[PDB]
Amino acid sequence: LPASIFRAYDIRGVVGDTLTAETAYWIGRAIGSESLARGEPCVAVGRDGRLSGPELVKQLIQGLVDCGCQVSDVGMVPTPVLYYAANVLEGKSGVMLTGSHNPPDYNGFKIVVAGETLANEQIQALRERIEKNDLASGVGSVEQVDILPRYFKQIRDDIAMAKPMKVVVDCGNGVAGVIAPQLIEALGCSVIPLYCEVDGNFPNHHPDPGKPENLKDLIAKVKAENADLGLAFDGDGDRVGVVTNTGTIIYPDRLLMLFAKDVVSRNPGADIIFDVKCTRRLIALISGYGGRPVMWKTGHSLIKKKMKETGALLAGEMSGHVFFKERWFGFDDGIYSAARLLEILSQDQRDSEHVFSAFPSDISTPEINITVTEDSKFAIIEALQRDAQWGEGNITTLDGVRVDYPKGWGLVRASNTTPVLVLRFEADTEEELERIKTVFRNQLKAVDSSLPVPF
């Protein structure tokens, strides 16, 4: 099996090339062995709407079964529904077969074992099992479980929408279409569907609400239909994008301001987690309502782990993953976050544009990417951490180098998956922005004078 598919927070590969049926079997075998090693024979299995889902999922299950695991096969479901299954069924283990928002031929695995979402060394240990044949052998079983209706009723039952809302819902032909439009309607909305047919060819836009270009159709439809809100789901439904009645894109850090106000209102002192790419206004806002803001590393597995360690009731990150523990289970779920958002907005007489525009806003630069090399990317950050001078900065080095000034901040970090440096800058003044930008440019140039700093 190829080492490259075993990533930091999941397994991901190309089904024609790096991810075969055979590989999927041995991955099931490694996962099952590890679940049993943690005392858990019971494993949920779900898949997204990808074309390779059927061929791959059978191998995954057989691998689990050949360990002696009791598999609950919940069929084609959003990623959060699989996480849900691994919280309400007998077992605390679950595997989601998904390629998230990637092109049609990508697929992969997101893995929970006895409550814990695997990351870093834990994933590499699965591969290690296959290389060493450190694998359990047994006569397992498969049970089919229909979990969607239960998930549906769980959310519907706990959400209390006041006013009615007209909502455009864009699933990008990903697996969220099996539930998000129907659930949102049931909450008390009129749903204008966009690309809600599940189709793993992805013949319209890619199901990635993080890129503005995949929100163009949503925005136009929200305006043309005079809708109250637009929602966009990623391919597997663990991320959601949001646009106001006027077409303004609301980024997750701003979404978290609304959610944190709400969660903290009922839970004084609640820990709230966000990543190093989030606006410094979120920190102040959380603290001002009496919450405990916790800045953490980028990721999904990392934020999820940090939530468990801190007792946090809410987390989010800039890629659109939002994690509710309050009234929920603590995993990322775009569909439930959408429900929670609709609940709050339905209780405000103002339109969604005004609800969000009321919060303070800094001047933000669009995220910046600098292509370096795979050999240098971590070394550049290490060099900044060693040599860089940032003045009275409030320096954070959890994930690259973030520096918080009184009126703004800057971040530089190495992409885990690509040979790229990622930067963000935000300030209250356009003067401040160009000053923080100036400092970072200088410090990168002091590491390598030949580095292409495009700001």
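Under this definition, the rigid core comprises the largest set of C-alpha atoms superposing within 1.5 Å between the forms. Numbering follows the first chain given and starts at 1. First, how it differs from the form deposited in another entry.
- Looking at CA displacements between these two forms with the core superposed, a shift of 2 Å or more is confined, among 321, 377, 325, 92, to 377.
- Once the rigid core is used as the reference frame, the Cα position of residue 395 differs between these two forms by less than 2 Å.
- After superposition on the rigid core, the Cα atom of residue 37 is displaced by less than 2 Å between these two forms.
- Residue displacement note: residue 68 has its CA displaced by under 2 Å between these two forms (rigid core superposed).
Go ahead and give the structure of the form deposited in another entry, now that the form deposited in one PDB entry is out.
There are no partners or other molecules in what follows, just the one chain.
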């Protein structure tokens, strides 16, 4: 199997190129062997709505079965629903076959073994098992499990909206259309569906709510229908995007402000995690409400590990992965997060635009990406960590280099899904934004005067 599909957070490739039916089989063998090594024969398996789902999922399941595993096949579900299954069924292991928000031919695996989401050297360990033939053999079993109704009822019965709302829901032709519109209506909303038919060809916009262009249709519809809110899901339902009644995009770091207030109000002193791409305004806001802000590495699998380590009641990433432990299970879930948002908004007399505009804002860049190489991105970061001078500031190197200044902050880090450096900048004023950009531009050029600096 190609090494390149074994990534930091999970496995991902292109079907017909780096991911075939046979590699899905051996990945199933490897996961089953690792689960058994951790004492867990019981494994849930789910898939998203991609074209390659049926072909690859059968092989994944056979690989698990051929270890001696007891597989619970939950069929076509959102990623969080597979995570739910791995929390409520017999077994604490689960595999989701998904290509996330990527183009149609992409697929991959998100993997939980005996309660832990695998990352980094644990994903490499799977590849290594296959190479070594360090694989279990046995005669396992498959049971079909219809888990969606349980998940639906679990959420519906713990969410208590105080008034009706009208909501536009954009599923981007991904798998969130099997439940999100239905569940949101059942909470007590009217729902206007956009692209809620599951279609692995993704013929409209790609289901990636992190890009403003993929929210254009949602914003227009919210305005046309005088809706209270717009919601967008990514292809597998573990990420959410939000638009107010006036069309304002609420980026997930500011969504987390509302959620943090809510969670900490019932849980004094609670740890709240956010990734290094999130606004500095979160640190102060969480602290102000008496929570403990914990900044951590970008990447869903890494955030999930960190919530175990810290006992955090809530986590969020700038990409829109949001992780409730309070009243929930601790995994990222766009659908559940949407429900939690609707609950909070429904108890406020103000419209969603005014609820969010009350919170402090800074001037922010769009994400900046610089393409480098897969085999050099980490060395560039290492060189910056070794050599760079940032002036006076609070320097964090837990993921790349982030510097928090009195009036703003900047970040440079390596993506773990693409061969790029990722940068963000925010500040109180345009002048400070430019000062910080200049510091980062000059430190990049000091490492390699040939690096693009497209900011």
